[PDB]
Every structure is written in C-alpha cells, then in structure tokens.
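Asker: Now for the letters of each chain:
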Amino acid sequence: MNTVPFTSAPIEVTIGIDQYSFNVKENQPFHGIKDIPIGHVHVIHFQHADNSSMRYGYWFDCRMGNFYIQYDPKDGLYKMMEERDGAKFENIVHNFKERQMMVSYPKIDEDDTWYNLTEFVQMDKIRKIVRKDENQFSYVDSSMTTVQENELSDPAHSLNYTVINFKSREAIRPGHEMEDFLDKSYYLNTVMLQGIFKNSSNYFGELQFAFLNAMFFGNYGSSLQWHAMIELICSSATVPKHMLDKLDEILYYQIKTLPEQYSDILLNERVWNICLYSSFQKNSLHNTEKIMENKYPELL
Amino acid sequence: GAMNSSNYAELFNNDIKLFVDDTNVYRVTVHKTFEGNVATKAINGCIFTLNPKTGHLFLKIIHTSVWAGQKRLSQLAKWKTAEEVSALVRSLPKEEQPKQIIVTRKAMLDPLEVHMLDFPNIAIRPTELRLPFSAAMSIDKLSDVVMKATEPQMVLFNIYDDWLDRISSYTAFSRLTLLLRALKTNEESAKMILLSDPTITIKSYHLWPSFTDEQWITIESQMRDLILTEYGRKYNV
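Chains B and A are the protein sequences, given in the same order. Using the authors' numbering, the letters of the first sequence map in sequence onto residues 1 to 152, 170 to 317. Following the authors' numbering, the numbering of the second sequence begins with 1833 at its first residue and continues without gaps.
Worth double-checking, as some hints may not be accurate.
Stated by the list, open to error - Mimicking DSSO-like on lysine-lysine, the simulated pairs with C-alpha atoms at most 27 Å apart in a straight line are: (1) 107(B) with 273(B); (2) 1873(A) with 1910(A); (3) 1910(A) with 1926(A); (4) 1903(A) with 299(B); (5) 1910(A) with 299(B); (6) 1903(A) with 184(B); (7) 1885(A) with 1931(A); (8) 1938(A) with 1910(A); (9) 184(B) with 299(B); (10) 307(B) with 263(B); (11) 1926(A) with 184(B); (12) 1980(A) with 2035(A); (13) 1885(A) with 2023(A); (14) 299(B) with 258(B); (15) 79(B) with 25(B); (16) 1938(A) with 184(B); (17) 184(B) with 1910(A); (18) 125(B) with 273(B); (19) 1903(A) with 1873(A); (20) 2035(A) with 2016(A); (21) 273(B) with 299(B); (22) 184(B) with 1931(A); (23) 299(B) with 1938(A); (24) 215(B) with 263(B); (25) 1892(A) with 184(B).
Hint data in this document are derived by calculation from the structure and do not stem from the laboratory.
Here chain B stands alone, though its shape is the one from the complex:
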C-alpha cells in the first residue's frame, strides 16, 4: 500500500483519486492520500473551488517512484513531483501518518471497479500518448487537444492517441472501397491490431485511457477517441471472439461508472444506437446493451 503525500493545501479544491473524490478547504491541515493499492495505474485530479474550469490531474504508478503533490503559487496549481531520496521520503510520510493528516484510499474489498476500468492500461503506454519524458507521471487537463484535432496547435501539450479515420487511404484498400468501408475488419485486424497496436491488450488500453480522460477531465477529444475505437470494432464483421467478450465487459464497467448527469454530453447517440442495434456486433454486447437500456433508455 503506497502514499502520495501533500506539502500543504493552500487553496480550496475538490481532490479526485481514481473514481473517489473529497473536498479540501483553504489551508486545511491535509497531507495526502495513503493505502493506494499497488498493481494498478492511478489518477489524482483537481478542481479549484474558485475556478470550476480546468479540471487537471496526474496519471502515475507508485511502483515507478516516490511521488508527492505541492501547490505552486506562481503557476497556480497542485503539481506532482518525484522525491529521488527514498529515505527522506519515508521519513516525511511516516511523520504525516503518525499525525493522521492523510485520507485513506477507500477501497471496498468486494469492489473490482478500478481494476475493471484500468485492466489493460499501462503507464509505459500512457507516457507515449502524453509526451513529457523527464517525468514518470503524466499531466492531463480539460483543454488538451488530440493530434487528430490539431490536424483539423502546440504539439508538446497534445494527446497522441492513435489516429482513426474511416474515410482515409489507411482505412480503405484500393479496389476494396465499398467492402472496406461497410466492413472495417481489414482496418481493425491488419492495419490497427497487427500493424500499430501489435495486440488487443494495447488497443483496449488506449480505449480505456481515452474513456477515463473523457470522464475525469471532460476532455472532448478523448471522448471522440473512445467512440472511434468502439465503432471500429462494432463495424467489423470479423473480430476475434475473445475481443468481443472482453469489449462487452470493458464497456459495461464504463457505462456502470459514468456519472448519470453526464450521459447527455459524454455519450454519442449515433455511435451507441449504431453499435447496439445496426452493426455486425449488435448481438455481441449483451452486458453492455442491458445496462445501457436500463440506465439510459432516452439516448436510445
């Protein structure tokens, strides 16, 4: 069980840790988060009481180093930082725990929600989508644009998701125009799975990361990426049987977790209607169709 200590909380902020969130008051004696489960990536995220605009946060894996949060009064945000001195870090954490100024990552023992949302997500892959190579953790916020969004401006602060475009030479083989456009199996299986992602685990990892950036930061381009990667599978007639079974489980937990009040802007009506009712895979997502029909029958 790992710890992300906080130097202080000088400004009033809603703090998110994975799917949980807590209010901290201006200058409240808060020194961070303990009992964080090892074995998963985590995200710690922020929304200032005084500007509910710019949700921002840090993807990190406690196995990759000792990370803490310190408010920067110049840049006006809670910054993640690495302490390289292991012994100095243990001493700081030990003090704050003895004085009980830390909240406990509140994991219910029955609850596999975070594992199910992050099953295929790996810090090494996150660091290729979010390029800032001098840090072992990755910064994301509401306003960051995707490489594909920038094509249609600052490359350093972009989300480097895999570009998917159904009306692209990459997606359509010369002389197989109608076939490749109506059945995207070629694009899914040869171009994306065999060619770029190498396996379904890396494809699911990017899909899951895009969803979580959409849900936690309201990142519009992440939402576009999440829908594109669902639609590419649902619009393919030929998908490995294990991928369909795993996709149904992935989407079930994403829809289960989504705040009820955000379904109207985070869920694309056309994509879901097409995927559940029109597509080759319309009969292959039993769990996902049942939760969507019982929780959001309006969108359909």
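Given chain B's structure and the hints, the job is docking chain A onto it.
Answerer: Below, chain A without anything else, positioned relative to chain B:
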C-alpha cells in the same frame, strides 16, 4: 458545402464541375412469378454525369450483367456509380479534371468521397436543388443507346446541342431543366409539345429539335403552362 439558389451562378463560372445523378443506374420491372410471388428483372441503366457550363454529358451505360449474382443492388448501385465517376476523372487529363463534383442525392456523398480519396483537392458536394435529371431517359436518343447496349459502354453527348452558339450556359441550363421538369411531370404532353410540328426536325448529331429563337420562347411557354396545370391538378389549388 451544399449547392442551392443563393450560390446558383457558381455552376457557370470557369471552375470545371460535374453533376452526377445516380437515379437511372439500377432500373427494374417488378412482375409476378408462376407461384404468385413478386420478382424484379433488371434493365440497362446509366450514370448521368453533366458539365453544366459546356453541356458535355458523360453517359456511362450500366449493362444488366454488372448485377449478376450480386446482393443489395440499391446499395451496390451507389458504389458502382462512385467507381465509374472515379474511373472517368482518372481517364481525363489533369487540366480537364473537375474541381467539384455535385451529387443530386445525399446517399452518393460517402461512396464518391471514399472512391476519390486519391483526389483530396476535388470537393464532393450535395445540393438542395430538386433537379429533374431522372427524366434523362425520356430523351429518345439517350433511352435508345441505353436499351440497345449489349455491354458496358461510355457515350459522349452535348445535352445543349448547338445552343451555346446563341445563348449563355445559365440560359442553356434553365432551358434544359425546364424541358426535363416537363418530361418528368407529364412525359406524353411534354413530348407532344416538342414534336407536334413536323417541319421542325432533330439533326442526326443533336438530341432536341432545331427551333429558332422565336420557336424556343413558344416552346418554353408551353412547358411552363404544362408544369403549372399539373401542379394545380396534383395539389387541388
């Protein structure tokens, strides 16, 4: 974006463009089988690809053999239309290639866009205009070459005959759309109006009769009367 009344004059500028109409590509007769079920028999079709400035018509004949052993023919027809238009553009020298293609029906946008990915600089556009190009098969000489074809064939026409010697392409296009609108609303009346006087003939190299300027006015007037009547009939007004 979409071609409408507000940007109508664009058709007659010096940027090469083509209209593509797919409404006569897949044509069937519906009939009863011996068992009393219903079946279709396909007949020859055509892609109507028109330069509205020059009058040059690229009439690609669609022979019934292209449908043999195919499923979902109404969907395949849109993709075959897109493949034939793409092939036509690639056959033209670069300085003859269109800068825009305007499809008369929105269901042609994705098939044509996907076929023309090699031509990112050619804009594929819908229109809000209700153009009567479906009536092309009421032009006797175009209907004749489609129905006689025994194989796939491209035939070149000038749908304005020699009108551009005397009128602008704006006026030639207005005359063509009035003639086709008439032929679409009441084919027999329209065709009676055009050929009633046997002193006016169709030249062997032309589609329409050799009317003087004065006789075109009279003809244009008869076509307008036919269209308004039938509209009063249709809508009891």
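Asker: Hint by hint, note whether the structure agrees.
Answerer: Hints, verified against the model:
Our distance criterion of 27 Å between C-alpha atoms is met by residue 107(B) and residue 273(B), whose separation comes to about 17 Å. For the suggested pair residue 1873(A) and residue 1910(A), the alpha carbons sit about 19 Å apart, so the restraint of at most 27 Å is met. Using a Cα cut-off of 27 Å, the hinted pair residue 1910(A) and residue 1926(A) holds, with the two alpha carbons roughly 25 Å apart. Between the alpha carbons of residue 1903(A) and residue 299(B) the distance comes to roughly 21 Å, so the proposed pair stays at or under 27 Å and holds.
Between residue 1910(A) and residue 299(B), the direct Cα distance comes to roughly 25 Å. Compliance with the 27 Å bound is thereby established for this hinted pair. Simply put, residue 1903(A) and residue 184(B) have alpha-carbon atoms about 24 Å apart, close enough for the 27 Å limit, and the pair holds. As the CA atoms of residue 1885(A) and residue 1931(A) are separated by approximately 13 Å, the hinted pair is consistent with the 27 Å bound. With a C-alpha separation of about 10 Å, the suggested pair residue 1938(A) and residue 1910(A) falls inside the 27 Å cut-off, and the hint holds.
Proximity of residue 184(B) to residue 299(B) is assessed by CA-CA distance (about 22 Å); at most 27 Å being required, the pair is judged to hold. Taken as a hint, the residue 307(B) and residue 263(B) pair is honoured in the structure, with Cα atoms around 16 Å apart against an allowance of 27 Å. This hinted pair checks out: residue 1926(A) and residue 184(B) have alpha carbons roughly 23 Å apart, not beyond 27 Å. For the hint linking residue 1980(A) to residue 2035(A), the alpha-carbon distance of about 21 Å falls within 27 Å, and the restraint holds.
Of the supplied pair hints, the one linking residue 1885(A) and residue 2023(A) holds, its CA atoms being roughly 25 Å apart against a limit of 27 Å. Of the supplied pair hints, the one linking residue 299(B) and residue 258(B) holds, its CA atoms being roughly 14 Å apart against a limit of 27 Å. With a C-alpha separation of about 18 Å, the suggested pair residue 79(B) and residue 25(B) falls inside the 27 Å cut-off, and the hint holds. For the given pair, residue 1938(A) sits about 16 Å from residue 184(B) by alpha-carbon distance, which is consistent with the 27 Å threshold.
For a cut-off of 27 Å, the pair hint linking residue 184(B) to residue 1910(A) stands: about 16 Å separates their Cα positions. Annotation: proposed proximity of residue 125(B) to residue 273(B) holds, straight-line Cα distance about 25 Å (limit 27 Å). A threshold of 27 Å between alpha carbons decides the hint, and for residue 1903(A) with residue 1873(A) the separation of about 14 Å falls inside it, so the pair holds. A hinted pair counts as satisfied when its Cα atoms are at most 27 Å apart, and residue 2035(A) with residue 2016(A) qualifies at roughly 24 Å.
Of the pairs offered as hints, the one joining residue 273(B) and residue 299(B) holds, with about 19 Å between alpha carbons and a cut-off of 27 Å not exceeded. A hinted pair counts as satisfied when its Cα atoms are at most 27 Å apart, and residue 184(B) with residue 1931(A) qualifies at roughly 19 Å. For a cut-off of 27 Å, the pair hint linking residue 299(B) to residue 1938(A) stands: about 26 Å separates their Cα positions. For the hint pairing residue 215(B) with residue 263(B), the CA-to-CA distance comes to about 17 Å; that is within 27 Å, so the pair holds.
Restraint check for residue 1892(A) and residue 184(B): satisfied, since their Cα atoms lie roughly 26 Å apart, inside the 27 Å limit.
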